[PDB]
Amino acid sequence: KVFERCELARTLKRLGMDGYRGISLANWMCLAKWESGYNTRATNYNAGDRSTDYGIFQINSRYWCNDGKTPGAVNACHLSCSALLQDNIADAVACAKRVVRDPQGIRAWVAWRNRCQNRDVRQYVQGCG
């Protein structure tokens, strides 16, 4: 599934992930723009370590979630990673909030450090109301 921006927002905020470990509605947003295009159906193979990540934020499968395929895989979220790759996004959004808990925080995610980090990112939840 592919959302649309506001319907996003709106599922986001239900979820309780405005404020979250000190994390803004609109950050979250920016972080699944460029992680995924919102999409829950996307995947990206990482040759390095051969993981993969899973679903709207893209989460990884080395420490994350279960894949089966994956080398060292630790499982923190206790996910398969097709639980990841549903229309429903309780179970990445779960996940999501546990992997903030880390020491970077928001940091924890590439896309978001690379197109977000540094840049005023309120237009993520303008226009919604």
Contents of the next structure:
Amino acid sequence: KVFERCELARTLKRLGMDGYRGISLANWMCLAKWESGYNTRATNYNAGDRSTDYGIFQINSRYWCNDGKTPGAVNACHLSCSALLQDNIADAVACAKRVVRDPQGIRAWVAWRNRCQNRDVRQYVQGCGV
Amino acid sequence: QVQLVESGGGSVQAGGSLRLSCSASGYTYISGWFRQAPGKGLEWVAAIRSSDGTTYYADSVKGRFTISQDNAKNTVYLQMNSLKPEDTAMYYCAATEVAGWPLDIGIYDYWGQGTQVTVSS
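Having seen the form solved without its partner chain, please provide the structure of the form solved in complex with its partner chain.
Let us now look at the entire complex, which starts with that chain.
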């Protein structure tokens, strides 16, 4: 489904995203905002390495989830890419946490550097009371 | 972060039963139970994915122990039925935040204090 700004903020906080590995809820919101406009069904193909980004955090099926047709698939989240397109974002969140587990952090998503880094991300959570 | 508090350990006769509890102070994604004999290593026993309720068991305990979760109490349990002397060990519950293979100890970042389970012949 398509979350409302503050609704997602409350949900992410509920799922332990606030401060996870130093990443503030504000930063996670800004990420979801530009990656999928808060849409759990958002999917994007990559006519390069032939992979696909799934869910609110646009997690790629090449190294994180298994869609069943991507070269060099590792599926570190040990999840089916379809599980990252449900109204309940528990699985997508856990796989997102897996992604930032690595040294690159949230900078793994180029959109963060371009749309969130050194920006007033507080606004994404402002007025939500989180 | 997240604290895990265990309880329910005990000393029983062979064939006995116990119910271990692992209460969390915050959100947990995957929860699991591990056992350890004195001076030996940690061994995976069981796990459950809180999102879909999928459970996983070690061959040695399948059919005898049941892992469950009461979301309203944010607590995970290990119901140990038909205990055997070989089950004697200190049991630890653990939780993960990241997604991964429930059988991989590497993804568990939070651990309970442990509780002793002793089964006599």
